[PDB]
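Participant: Following the hints, put chains L, C, B and A in place on chain H, whose structure we already have.
In case you want the letters, here they are:
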Amino acid sequence: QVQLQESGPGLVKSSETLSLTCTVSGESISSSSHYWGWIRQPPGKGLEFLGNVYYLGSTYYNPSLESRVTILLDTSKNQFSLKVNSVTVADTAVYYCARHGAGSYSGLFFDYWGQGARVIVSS
Amino acid sequence: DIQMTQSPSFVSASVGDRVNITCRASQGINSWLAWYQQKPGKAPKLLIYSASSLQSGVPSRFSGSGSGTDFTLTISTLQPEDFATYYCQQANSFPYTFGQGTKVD
Amino acid sequence: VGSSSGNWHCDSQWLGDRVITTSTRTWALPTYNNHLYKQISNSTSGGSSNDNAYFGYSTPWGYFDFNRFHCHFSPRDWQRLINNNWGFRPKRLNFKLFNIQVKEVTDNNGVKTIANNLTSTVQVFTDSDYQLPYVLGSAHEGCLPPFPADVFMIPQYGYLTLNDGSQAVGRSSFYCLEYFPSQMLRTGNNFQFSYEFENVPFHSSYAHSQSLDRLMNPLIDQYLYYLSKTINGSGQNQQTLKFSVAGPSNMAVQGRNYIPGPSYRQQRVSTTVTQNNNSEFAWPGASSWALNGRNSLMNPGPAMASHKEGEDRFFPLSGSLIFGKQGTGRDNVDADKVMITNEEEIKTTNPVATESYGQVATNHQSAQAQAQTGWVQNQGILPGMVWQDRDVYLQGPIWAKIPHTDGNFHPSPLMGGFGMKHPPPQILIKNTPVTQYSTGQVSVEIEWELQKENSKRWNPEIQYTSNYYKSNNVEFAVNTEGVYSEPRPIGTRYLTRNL
Amino acid sequence: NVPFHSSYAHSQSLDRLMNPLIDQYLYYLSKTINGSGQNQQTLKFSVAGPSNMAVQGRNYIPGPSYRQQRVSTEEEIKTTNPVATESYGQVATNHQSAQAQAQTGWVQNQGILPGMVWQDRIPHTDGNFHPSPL
Amino acid sequence: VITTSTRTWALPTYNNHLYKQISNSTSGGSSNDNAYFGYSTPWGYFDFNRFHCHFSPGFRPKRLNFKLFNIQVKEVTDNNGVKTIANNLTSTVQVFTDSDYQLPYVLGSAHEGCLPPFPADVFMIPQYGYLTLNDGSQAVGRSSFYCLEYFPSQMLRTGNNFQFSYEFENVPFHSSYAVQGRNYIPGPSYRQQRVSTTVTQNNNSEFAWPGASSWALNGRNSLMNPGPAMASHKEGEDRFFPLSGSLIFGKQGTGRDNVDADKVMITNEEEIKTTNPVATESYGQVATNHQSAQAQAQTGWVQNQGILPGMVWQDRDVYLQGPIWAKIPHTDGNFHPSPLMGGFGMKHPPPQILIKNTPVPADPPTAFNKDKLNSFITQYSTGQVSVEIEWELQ
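Chains as they are written, first to last, in the deposited numbering: chain H, 20 to 142; chain L, 23 to 127; chain C, 221 to 654, 672 to 736; chain B, 419 to 491, 563 to 610, 622 to 634; chain A, 239 to 295, 307 to 427, 473 to 688.
If we strip away everything but chain H, and leave its shape as in the complex, we get:
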């Protein structure tokens, strides 16, 4: 079983970088061979993919977000961190951590999900 916890600030000043981290318990990122990815849920709206990071460090970003997001993979502490730059009022929602893969559908469908992390961008 894979438990996913997010942590970081819950309030960030506008145009200050946002940083969350997801510490995965129950697997080992280095030897699991699965993709790990983020999505975001602006309030009362549909979830939008942010990007994922393959266990060797390769990374895909969502072009909608314009080169703000950066997904760092810290493999030794078994956690990976989302960083989005120049935050705005619009970029506030609950950020979910997820394991992007399974045997057949690796890097496709999100089977195991974080508990969720509220982030409110404000001045």
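Be aware that a few hints might be false.
Below, in silico cross-link-like pairs of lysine to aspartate or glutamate (EDC-like), each with a Cα-Cα straight-line distance of 20 angstroms or less [said to hold, decoys possible]:
(1) C:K689 / A:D347
(2) C:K449 / A:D551
(3) B:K462 / C:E500
(4) C:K528 / A:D551
(5) B:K449 / C:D551
(6) C:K449 / A:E500
(7) B:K449 / C:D554
(8) C:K462 / A:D554
(9) A:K557 / C:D441
(10) C:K545 / B:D441
(11) B:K462 / C:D554
(12) C:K462 / A:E500
(13) L:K64 / H:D93
(14) C:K641 / B:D609
(15) B:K449 / C:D271
(16) L:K125 / H:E67
(17) B:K567 / C:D384
(18) L:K61 / H:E67
(19) C:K462 / A:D556
(20) C:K311 / C:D384
(21) B:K567 / C:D271
(22) C:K693 / A:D347
(23) B:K462 / C:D347
(24) H:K96 / C:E712
(25) L:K64 / H:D130
(26) C:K449 / A:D271
(27) C:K258 / B:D441
(28) C:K693 / A:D349
(29) C:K707 / H:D93
(30) B:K567 / C:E684
(31) L:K67 / H:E67
(32) L:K67 / H:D130
Which chain C residues stay away from chain L? Per the calculated CB distances, all over 12 angstroms, these [as the list claims (entries may be wrong)]:
(33) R238
(34) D347
(35) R406
(36) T492
(37) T494
(38) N498
(39) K528
(40) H584
Derived by calculation from the structure, the hints in this document are not laboratory data. Positions of the beta carbon are idealized from the N, C-alpha and C atoms, including for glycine.
Facilitator: Just chains L, C, B and A now, kept in the frame of chain H:
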């Protein structure tokens, strides 16, 4: 990007009655889909992966067969335990996109 | 009969520039083919394709195979090698076989009967004249176990010969191993022999800190000129020649003394399933060398980086040693049940496997003909090329025999390790016919020599480490069922050298 | 001082050096489409084994080839050297993708690679390779 | 033949006695092909790796000699608008050789800054910096940092001298001379584009680069220059030169950028056209199919060709203006190590000789301040250098 539109936006259907939620991809996704279920405030949880293959955790009642431009999630014998929004996901081409949501009652 | 014919030695002694590693295992030898030489051919198993055609034999003889690294090195020992050393190579091999116990089975009704057979013998001999086929180079299973407490089973010896389809030809050779003088051991005898490795170049276990094309001084200009502009602008009869000094501003054009090594492009497949084409291109689209009208897949292929820097999802189709995690099935396993090794380290001086080697100008320009170029998919050796050989993973092979031929170029084998013209001899064993099987101990000892890291690099190296995040079970250890599982393959290349 | 001339035909072919009774520990890429789910992409691996021997990873490869034309009216070395009238093999020209099929093309000429072996049949210069005359 | 050369050198102060990271980004970045990462050092290096240093207008080096003496230290002091140069007698100059090849080796890239060909000239010692692994302008964890202060070196006041000897390792003699079944074939070729010195022939469309042949390494296309040794042009036409196939020297006084074909001396390898293929022509034709009644015999062209058994070839000629030796990259394997700009390829070439002025701080404050002193005396030094090589002839 590829749009996703779930046809019923709000479907009020009570207990025991069969419900079907349909979401059509903007362009052919070659039967790559992922229906999700979000109870309010908690993170969503996967239900059906690929086109019709059920997840291990989910109850037999959920089902759906896509033809690749058309997809339906049929909740059969709806129990009170699940009144939640339902999202669909494309796996076909980056970026992955979750259309709207279908709130059921 | 009543006294131990040998002792138990497993350990590693790190002494100066040399390493002595000794491994001992417990084995079981059944009887194969009912004490008979049996002919085998694909026609028996259905013989689907001409590519898979083979004609060969199966012998009751079993053989010992210690050819993989994890036999010799415990994970921690291996760590002490890749971290601290710029190279290694074997010197001496000292092999011992002893404590033979021959068992016999007379099955009566449900329960079978097993008891000591005292007068039974076990024949064992080595091929040190290399008159037999050498099957120890192809990375077959059946080696000594990674984990000492695992009791294993001696593989069966077989070999192939010339063929046309399932039929044979006149030149096919049939070897009877009984024809070889061989020692015969009863339950009190032991078997031992020593071996002196021939001289082989150190295997490199360092990653270049520089890339082949950046060897330049960034602050200074070359005195060589290159052609910057063939026109001034748009118009009629605008042709002109403008040379510039190559220098740090534009480094792509500088004159260089050496060039990256050979490349044979592999098709690149993504581990995200959906970036791949929706068709069956597994055998049709793969790279393959053809021999005598029989197509052969290029696995692992020449030594080339697995992917461009920054993209790791993709891997070359056949271009990577693919191990598998324990419990992985033998057929149609998933993407994550296998461990796909990637050559991140050798990208600096070797071409990328999934990219072209470059361009060539394919025609002669004039007023009426543009300069036309085309890609180089396959590039053989040229004067000046330098390259790095494939790394040896902890699970991978050690040596392979160089086929005795007229000539060869850089014999170092493609799956890694040390190419040798007189590798460690095969060791053959069987139960002398008299239902019978035998068991005992095997201790194998290789003496490894080291090359120490002398470098003046100021900042710390990248070293191999073990994580600290409270996992359910420790890596390189046993689960609650006593199942020793090697979670990830370990490269040899961590320390850094200059190019 | 010259190398002893070799006057024999190798008993075994280069690609067949394997042991026919035992699997390799290495996997190859068997199946790229499911076929059950109506051609959903999938990625499956299977052990390279004596049942399918074309796919097993080999330590050495055949020698160079520079093709000739076949005219209708050295067959001993066909073990370690390619046929002069047949292609050396295939390479992949392009990256596959969802919108583009994997393409391959023929190798008409192939120079030396590390790990080639071959069988045979001096100017005064700065360099030569394998001086044995043709 | 024992060639001796003595020179006078001036050594400035680089980077104000400081180490500075350099990447393309500090330089503006250009494009990805031009990206780099590395450091720069205050140390200057003596590069005498050119043929004309040793020569006035078969062979191979045997022994080397090196001498550095007559150390003279200066300092410049600007008072208001004028400056005053006064010998500082107690100053120290540091010099050391890297004989273990532990530093990167930049003497093989044919950079400027060599000892001058004309004995009256006084030259400025070029700065020493090196490039390491990079991604974009950023450094990967694998990238190395060398602090040259961490090598033992020899500090020279005005009376001291520096000298050492070097022993060349054995290398091959340089060569400086010119349908029936045949026993050997001509050597490899990697075809280059063909440019004519008469501008009318070249087309209007740009072709300098897209046209030049290049080799991709980690996804960065680098021009192929000078390329494997090949004949520059067919016999009878001297106006055609391979686009990236030759060493091109600038004439005395030539500008740096966008110089015409007149200011640059374009060498050509036509001497070796006997044994070597033409850079602008294909190697030959290969058969693309099987002839039958139903399909005609087809052929195709060989643009690039590797090494094949029976191939014999000449290396590139060496010029009085050009490089002598380069260091064979330490690797598991290589073929015919002779460098592509010519000369001798060595596993242990003559070492770099690194030199800097020991920085003298200006007045420190009267109160302790932990910060490193950034206030130094303006200083430079000058002296004599005499190098000697014992050459062997055939």
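Participant: Checking against the hints above, which ones are violated?
Facilitator: 4, 13, 20, 23, 30, 36, 37, 38
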